[PDB]
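Chemist: With the hints as constraints, model all of the structure from the sequences given.
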Amino acid sequence: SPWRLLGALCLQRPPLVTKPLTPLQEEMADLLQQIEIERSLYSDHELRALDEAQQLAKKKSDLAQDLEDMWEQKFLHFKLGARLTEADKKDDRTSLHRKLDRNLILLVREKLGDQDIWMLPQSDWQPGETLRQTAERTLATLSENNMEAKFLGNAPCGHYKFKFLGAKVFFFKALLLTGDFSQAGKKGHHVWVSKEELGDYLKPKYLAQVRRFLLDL
Amino acid sequence: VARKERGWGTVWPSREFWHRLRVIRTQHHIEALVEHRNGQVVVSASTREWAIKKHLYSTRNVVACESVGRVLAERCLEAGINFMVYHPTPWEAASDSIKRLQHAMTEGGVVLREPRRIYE
Amino acid sequence: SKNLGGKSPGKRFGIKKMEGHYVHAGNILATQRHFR
Amino acid sequence: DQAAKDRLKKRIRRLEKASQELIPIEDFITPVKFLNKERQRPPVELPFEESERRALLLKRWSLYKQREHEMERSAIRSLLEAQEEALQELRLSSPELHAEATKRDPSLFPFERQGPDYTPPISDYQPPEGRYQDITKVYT
Amino acid sequence: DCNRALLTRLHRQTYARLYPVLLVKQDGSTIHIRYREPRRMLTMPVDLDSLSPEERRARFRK
Amino acid sequence: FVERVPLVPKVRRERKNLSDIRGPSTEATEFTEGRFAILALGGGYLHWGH
Amino acid sequence: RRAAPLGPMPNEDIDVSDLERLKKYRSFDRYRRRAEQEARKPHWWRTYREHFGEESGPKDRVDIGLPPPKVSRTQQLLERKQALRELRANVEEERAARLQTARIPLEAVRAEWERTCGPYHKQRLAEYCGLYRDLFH
Amino acid sequence: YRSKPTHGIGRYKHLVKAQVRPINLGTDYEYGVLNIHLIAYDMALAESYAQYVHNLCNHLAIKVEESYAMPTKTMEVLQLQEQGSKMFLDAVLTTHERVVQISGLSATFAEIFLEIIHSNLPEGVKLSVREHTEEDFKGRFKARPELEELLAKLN
RNA sequence: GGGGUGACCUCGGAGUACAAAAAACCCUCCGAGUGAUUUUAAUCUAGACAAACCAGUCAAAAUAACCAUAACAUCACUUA
Ligand SMILES: [Mg+2]
Ligand SMILES: [Mg+2]
Ligand SMILES: [Mg+2]
Ligand SMILES: [Mg+2]
Ligand SMILES: [Mg+2]
Ligand SMILES: [Mg+2]
Ligand SMILES: [Mg+2]
Numbered sequence: 043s044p045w046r047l048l049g050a051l052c053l054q055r056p057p058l059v060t061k062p063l064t065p066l067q068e069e070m071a072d073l074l075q076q077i078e079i080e081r082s083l084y085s086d087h088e089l090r091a092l093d094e095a096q097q098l099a100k101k102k103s104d116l117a118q119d120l121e122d123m124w125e126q127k128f129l130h131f132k133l134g135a136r137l138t139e140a141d142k143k144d145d146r147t148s149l150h151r152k153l154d155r156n157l158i159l160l161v162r163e164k165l166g167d168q169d170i171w172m173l174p175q176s177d178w179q180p181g182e183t184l185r186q187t188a189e190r191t192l193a194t195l196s197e198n199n200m201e202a203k204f205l206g207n208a209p210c211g212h213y214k215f216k217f227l228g229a230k231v232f233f234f235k236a237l238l239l240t241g242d243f244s245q246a247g248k249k250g251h252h253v254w255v256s257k258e259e260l261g262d263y264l265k266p267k268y269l270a271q272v273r274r275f276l277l278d279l
Numbered sequence: 061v062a063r064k065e066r067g068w069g070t071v072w073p074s075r076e077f078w079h080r081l082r083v084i085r086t087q088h089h090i091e092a093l094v095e096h097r098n099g100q101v102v103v104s105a106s107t108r109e110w111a112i113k114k115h116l117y118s119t120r121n122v123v124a125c126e127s128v129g130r131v132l133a134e135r136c137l138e139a140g141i142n143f144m145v146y147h148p149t150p151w152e153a154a155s156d157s158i159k160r161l162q163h164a165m166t167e168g169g170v171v172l173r174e175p176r177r178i179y180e
Numbered sequence: 039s040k041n042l043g044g045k046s047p048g049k050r051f052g053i054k055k056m057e058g059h060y061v062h063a064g065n066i067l068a069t070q071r072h073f074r
Numbered sequence: 017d018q019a020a021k022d023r024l025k026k027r028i029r030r031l032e033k034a035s036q037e038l039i040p041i042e043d044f045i046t047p048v049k050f051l052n053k054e055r056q057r058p059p060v061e062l063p064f065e066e067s068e069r070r071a072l073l074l075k076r077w078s079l080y081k082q083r084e085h086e087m088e089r090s091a092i093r094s095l096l097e098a099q100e101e102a103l104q105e106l107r108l109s110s111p112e113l114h115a116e117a118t119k120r121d122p123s124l125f126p127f128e129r130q131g132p133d134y135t136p137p138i139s140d141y142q143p144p145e146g147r148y149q150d151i152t153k154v155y156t
Numbered sequence: 035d036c037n038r039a040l041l042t043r044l045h046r047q048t049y050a051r052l053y054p055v056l057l058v059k060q061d062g063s064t065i066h067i068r069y070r071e072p073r074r075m076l077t078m079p080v081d082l083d084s085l086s087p088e089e090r091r092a093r094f095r096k
Numbered sequence: 052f053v054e055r056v057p058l059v060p061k062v063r064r065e066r067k068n069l070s071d072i073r074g075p076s077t078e079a080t081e082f083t084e085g086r087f088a089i090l091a092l093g094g095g096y097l098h099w100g101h
Numbered sequence: 027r028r029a030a031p032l033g034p035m036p037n038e039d040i041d042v043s044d045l046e047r048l049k050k051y052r053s054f055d056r057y058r059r060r061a062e063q064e065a066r067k068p069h070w071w072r073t074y075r076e077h078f079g080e081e082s083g084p085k086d087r088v089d090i091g092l093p094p095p096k097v098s099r100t101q102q103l104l105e106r107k108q109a110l111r112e113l114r115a116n117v118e119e120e121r122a123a124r125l126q127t128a129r130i131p132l133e134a135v136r137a138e139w140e141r142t143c144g145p146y147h148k149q150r151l152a153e154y155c156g157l158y159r160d161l162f163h
Numbered sequence: 048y049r050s051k052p053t054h055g056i057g058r059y060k061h062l063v064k065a066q077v078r079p080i081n082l083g084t085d086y087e088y089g090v091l092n093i094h095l096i097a098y099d100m101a102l103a104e105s106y107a108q109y110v111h112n113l114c115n116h117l118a119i120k121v122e123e124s125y126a127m128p129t130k131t132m133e134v135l136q137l138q139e140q141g142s143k144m145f146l147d148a149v150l151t152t153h154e155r156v157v158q159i160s161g162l163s164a165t166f167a168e169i170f171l172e173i174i175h176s177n178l179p180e181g182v183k184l185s186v187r188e189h190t191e192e193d194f195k196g197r198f199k200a201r202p203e204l205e206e207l208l209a210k211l212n
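First to last, the sequence lines map onto chains Bj, BS, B0, Bd, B4, BQ, Bb and Bk. Positions 43 to 104, 116 to 217, 227 to 279 (PDB author numbering) are the ones given, in order, by the first sequence. Numbering-wise (PDB author numbering), the second sequence opens with residue 61 and increments by one. Numbering-wise (PDB author numbering), the third sequence opens with residue 39 and increments by one. Numbering-wise (PDB author numbering), the fourth sequence opens with residue 17 and increments by one. Numbering-wise (PDB author numbering), the fifth sequence opens with residue 35 and increments by one. Numbering-wise (PDB author numbering), the sixth sequence opens with residue 52 and increments by one. Numbering-wise (PDB author numbering), the seventh sequence opens with residue 27 and increments by one. Positions 48 to 66, 77 to 212 (PDB author numbering) are the ones given, in order, by the eighth sequence.
These are computed hints drawn from the structure, not numbers from a lab. Idealized CB from N, CA, C, for every residue including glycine. You can trust all of the hints, since none of them are fake.
Heads up, incomplete: computed chain Bd residues facing chain Bk, CB under 7 angstroms, no partners named:
#: 1; residue: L24
#: 2; residue: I28
#: 3; residue: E42
#: 4; residue: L95
#: 5; residue: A115
#: 6; residue: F125
#: 7; residue: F127
#: 8; residue: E128
#: 9; residue: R129
#: 10; residue: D133
#: 11; residue: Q149
#: 12; residue: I151
#: 13; residue: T152
Modeler: Set out below in structure tokens:
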């Protein structure tokens with residue numbers, strides 16, 4: 043029985059922004075802030091504010118507000134970065150900056166001679182190579198860019214076999239540090255994707271189980 | 061005038077009594093037993109009993125502990141036992157549920173601190 | 039010479055009454071240095 | 017020449033035989049600045065409706081935290097069983113790759129990691145100017 | 035799962051009042067920090083990252 | 052090389068227990084990694100000269 | 027001289043080596059429960075009950091009485107679960123339990139007690155007071 | 048008694064003991090102890106994540122060597138006032154660090170653990186999983202003024 | 001292990017003296033000739049340990065005052 047071996051790379055880009063809070067978490071945050079303010083002793087700002095409000099009240103018969122107004126005007130003048138960068142495009146599904154609240158993974162489109170599969174980045178290696186080094190060379194030559202990836206461990210994350227004579231594919235997970243993807247207007251269809259759109263796109267049964275070892279978040 | 065079991069002194073709790081109150085507070089139910097010196101349970105009140113389970117919600121809380129204390133006090137008055145000892149841990153004696161259980165048992169007529177043996 | 043004071047009688051620490059002995063109130067059952 | 021070296025090594029050994037007590041942490045100790053505002057803080061006078069809604073919120077939060085812990089542990093168990101299946105498949109296929117994969121890579125010692133932010137970084141942003149300095153205490 | 039260990043408070047008895055200040059580093063991103071002196075935002079500057087050449091370049095461009 | 056006196060000398064003087072010579076040996080009676088050895092058919096003392 | 031134990035030793039089952047990976051009880055109450063559960067087992071050595079009258083240990087008591095009432099355990103558990111769910115669905119009971127201000131219908135409790143489990147408590151109380159020992163022996 | 052079958056029934060000192078280099082064998086790579094540092098400007102958030110990772114290790118049965126805190130680093134912000142040629146005080150940032158020291162971990166379980174930590178990482182916290190070395194041990198100690206002066210006058 | 005010189009002379013702990021008790025040497029080692037604190041810790045009496053004697057040790061019940069539920073003063077290897 044002949045055996046074929048293949049490694050595969052699953053690159054995760056982590057979320058750059060925090061997810062919004064569930065209303066339960068918002069109520070909990072309000073309650074926690076309230077009880078923290080209650081159990082608090084005193085702040086120097088409110089202490090000097092009350093000191094001034096008392097001394098002026100007793101002096102008219104015989116500032117902290119300015120600093121607060123200055124800080125409020127500075128906060129109103131300063132504009133923060135837009136947390137939403139996808140609701141304005143709604144067209145670009147291959148950009149690295151697509152989603153910021155969730156973690157994304159990369160899918161490549163490949164049309165072989167006998168199979169047309171929306172397949173995760175795979176590779177081939179001779180018995181003289183390691184699986185981690187195989188995935189490294191894969192991300193080096195196939196992606197066609199200088200991106201820095203952080204490998205978690207040497208042990209494989211997923212294993213999938215199929216017999217025709228058999229073949230095995232071992233999926234290794236990797237984390238993205240920074241990606242400088244050059245030649246973005248190419249024909250090579252690479253897409254950054256979250257879990258729901260993975261479940262939407264991935265047709266095959268061997269690749270529909272990536273959600274088993276991929277975190278849901 | 062019966063012979064109490066004086067003795068151990070090194071182990072806890074002391075076995076010098078005729079009847080002994082034992083409160084077991086599990087994570088679900090509360091069980092208050094009145095055992096004899098031989099170990100047999102004379103009269104018991106448990107939150108696992110249907111009579112208190114159907115009449116009480118949250119069979120673990122302080123309300124349930126006080127309830128089982130009242131029921132045990134009534135059952136002890138019925139059985140004719142008026143004196144028993146209670147030897148709780150230093151952290152169980154300062155709790156809120158056990159304090160209310162002791163208060164309810166005392167108000168129900170069952171008084172702790174078994175009488176001294178005549179000619180001990 | 040150098041080693042002094044090693045002379046001391048035994049304190050008779052032992053078990054006085056064995057199992058089955060009929061004793062009376064106040065009879066010392068056993069004496070001990072540590073809790074045996 | 018030699019007596020000086022003797023005294024030097026002696027003082028070295030004496031200082032080495034000393035204790036190695038740690039730095040007191042300024043977080044766990046309360047400064048003296050917090051001893052004059054405790055009498056000026058007024059109470060809260062929490063009302064009954066707020067107390068009841070706080071108790072209900074605490075019970076809901078306990079339930080939600082329990083459910084979150086359960087789902088997180090379920091995901092951990094799924095990942096762990098997938099890892100065990102992969103390792104068993106590797107052991108069945110070839111022992112050499114399993115042996116060289118069951119070890120730790122030499123690139124994992126300086127593992128650095130940073131969490132998310134409240135807003136994504138702004139392109140072409142410039143901090144105006146300013147220098148930094150450390151005013152942390154010293155101890156001997 | 036980023037909001038797992040976020041919903042907490044100060045678990046000490048004697049402490050001053052802290053406020054949710056928005057701190058922006060030299061990247062364009064902001065974070066929420068518990069800090070006294072309730073300034074609605076704090077800015078992190080930089081003058082020691084690059085060398086003397088880029089320092090003089092920035093000084094001339096400013 | 053074996054040292055004549057251990058790195059920490061025993062300051063307290065001990066009795067000469069001859070039971071450590073009397074009787075059969077219980078330790079170091081089987082081979083560990085080699086194939087030949089010197090077997091002792093009697094009891095005695097080995098000092099730095101030996 | 028050494029003798030072999032006439033049965034299993036008490037602490038011979040847990041592994042002596044690698045004690046750090048073994049779970050410990052950090053609660054005096056946990057240890058007390060474990061000890062009181064282990065003390066009620068019929069050990070092969072001289073114990074306290076054997077000398078101070080366990081009353082011949084286990085005894086096959088002859089039952090001279092009416093059979094227990096044959097009830098449907100499944101329907102009983104179903105209606106009990108339904109009653110408990112109905113009791114927990116309320117909000118005033120929860121408010122009372124939280125405020126620690128709740129009373130108990132002691133009369134109904136006693137009625138249900140003598141209806142379902144009162145007979146067994148009375149039986150054990152009579153066994154303690156020695157009624158059967160002097161009436162049927 | 049010694050000759051009785053109940054000998055050693057009170058034997059208890061073997062049940063409790065009351066009186077780290079990396080172990081790499083290729084397959085059972087149970088390396089030495091590891092230090093997980095969580096650094097943040099928010100003391101409350103740092104303590105919260107320290108408690109969270111400690112409880113996670115306790116649930117995952119990872120032997121936690123220690124759970125301590127490093128000395129706070131207080132930086133002073135000096136901003137350039139407008140029109141140049143000045144440096145005025147803006148605020149002070151107190152940066153805290155909580156370190157959990159765990160003993161043993163395998164490659165697979167370590168990968169899963171880093172996965173979980175980096176997935177549950179809150180905002181504004183630096184996570185650093187390093188090996189416990191001599192400099193990491195000496196960082197939470199005091200100044201050796203006399204000792205370094207002695208080394209200087211010796212050299 | 002002749003006297004002289006030297007050393008020791010009383011009390012307690014460990015080994016000698018492996019498991020009831022006892023057991024010597026100018027045998028091997030630790031110590032004591034009291035400190036600190038407050039709960040300032042009584043009278044009377046069964047029955048016992050130990051012991052040549054002198055001495056040393058425990059102690060139920062009953063009595064007066066404090067909780068109306070303890071009082072053996074505690075710690076320093078507590079034994080001296
Ligand atoms: Mg002696
Ligand atoms: Mg003698
Ligand atoms: Mg049933
Ligand atoms: Mg002679
Ligand atoms: Mg002389
Ligand atoms: Mg005698
Ligand atoms: Mg008395």
